[PDB]
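S.K.: The primary structure of each chain is shown beneath.
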Amino acid sequence: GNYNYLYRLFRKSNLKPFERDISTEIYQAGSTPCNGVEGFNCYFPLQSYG
Amino acid sequence: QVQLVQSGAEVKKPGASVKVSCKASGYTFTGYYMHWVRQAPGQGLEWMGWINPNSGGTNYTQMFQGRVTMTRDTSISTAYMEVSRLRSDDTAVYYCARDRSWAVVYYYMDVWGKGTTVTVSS
Amino acid sequence: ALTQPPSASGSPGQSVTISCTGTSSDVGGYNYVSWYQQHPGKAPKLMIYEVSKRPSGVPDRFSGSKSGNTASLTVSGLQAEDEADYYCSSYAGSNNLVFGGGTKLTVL
Ligand SMILES: *[C@@H]1O[C@H](CO)[C@@H](O[C@@H]2O[C@H](CO)[C@@H](O)[C@H](O)[C@H]2NC(C)=O)[C@H](O)[C@H]1NC(C)=O
Ligand SMILES: *[C@@H]1O[C@H](CO)[C@@H](O[C@@H]2O[C@H](CO)[C@@H](O)[C@H](O)[C@H]2NC(C)=O)[C@H](O)[C@H]1NC(C)=O
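Chains as they are written, first to last, in our numbering: chain D, 1 to 50; chain Z, 1001 to 1122; chain L, 2001 to 2108.
Don't take every hint at face value.
As the list claims (entries may be wrong) - Partial selection, computed: residues in chain L whose CB lies under 8 Å from chain Z:
#1 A2043
#2 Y2091
#3 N2096
By construction, these hints were calculated from the structure, which means they are not laboratory data.
Just so you know, even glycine gets a beta-carbon here, dropped at the ideal spot from N, CA and C.
Just chain D, same shape as in the assembly:
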C-alpha cells in the first residue's frame, strides 16, 4: 500500500516559486477541451507514488 502520497504529473505551465496548486483541474488536450471527463485527451493531473 501507501498510496496516500500523491504528486502532480502534468500542468499547463511551470510553477511560480512557493506556489501551491491544490486544484485537480483536468489537463489540457491540445484539442478541444474536456469539460470534466477523463480519457483520451485532457488527462488527470495527479499521480500516486506507490
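Position chains Z and L with the ligands relative to chain D; hints supplied.
M.R.: Frame of chain D, contents of chains Z and L with the ligands only:
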C-alpha cells in the same frame, strides 16, 4: 510479474446482479488504467469502460452507462466491475485489461486476465 | 461497429494479410488503431499497439500500417504458432471505443 489475478467463474440468476474482481500484482497499481472488455462465446469482443486507481474516474459506452458501474479498492490493489441486470444476452467471459500508457488513458491494452466466465441461465 | 473480412488462409512459410474496413472517420484520421492476437481458450495480447508499431516481445514477422480508411496487418513466414483469430480496434471518438468483428488466420 505483471499477471492479473482474476476472480473465479460465477453463475447468476437472470435479471440479477454480479460483480467481477481483478487483483493486480507486481506492477504499480496506481497509474496504469484498467479497462473492462467482454467476449461472448458466440463471436467478437466488445469494450465497456475503464476505471483508474489514481483518481477513480469512470467512463462507459452508451450500451452500459446507467446499467453497469465500476469501482476500485486500493487496499487489496483490486478493481471491481458490477453488472446490474445479468441478462441472458450477457453470458460472456469478462476480461480485465491494462494499458501500456503510464498515467494517460490511451487504449493500448496489453495484459489480460485469465478469464472470469459469467454464465446466465434459466 | 468496424466492418471486417471474416477469414484468411495460408500455409507455413507463406505470407498472408488481414484487414478490417473501418470508415475514414473513426479509423483514418482518428489514430491509435491497434490489433490483438487471440487464441481460443486463452487471453489475447496486443500485437500492434500504434498504427504501425510492435510491442516488446513481438516477433519481426508481423507488420501493419493504416492505408487511407482501411487498416491492415500482414504476416510472412507463418507457422503453427499463428493459428488464432485477429481483432482490430480504434478509438472512434469521445471515449467510445469499438472493436472489429475479428478475422481468423488459417494455415494449411
Ligand atoms: C460540459 O459540456 C456540456 C455540453 O455543453 C454541458 O451541457 C450543457 O450545459 C448547459 C449549461 O449547463 C446547458 O444549457 C445545456 O443544455 C447542456 N447541454 C447538454 C447536451 O447537456 C455541461 O453542462 C458541461 N459541464 C460542465 C461541468 O462544464
Ligand atoms: C465519457 O466521456 C464522454 C466524452 O466526453 C462523455 O460524453 C459526453 O458527456 C457530456 C456530459 O455528460 C455530454 O454533454 C455529451 O453529450 C457527451 N458526449 C457524447 C458523445 O456522449 C461521457 O459523458 C463520459 N461518461 C462518463 C460516465 O463520464
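S.K.: Hints first: check each against the structure and report whether it holds.
M.R.: So, going through the hints one by one against the coordinates:
1. At its closest, the beta carbon of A2043(L) sits 4 Å from a beta carbon of chain Z; the interface hint therefore holds under the 8 Å criterion.
2. For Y2091(L), the shortest C-beta to C-beta distance to chain Z is roughly 6 Å, which falls under 8 Å, so the interface hint holds.
3. Taking 8 Å as the C-beta cut-off, the interface hint given for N2096(L) holds, the closest approach to chain Z being about 6 Å.
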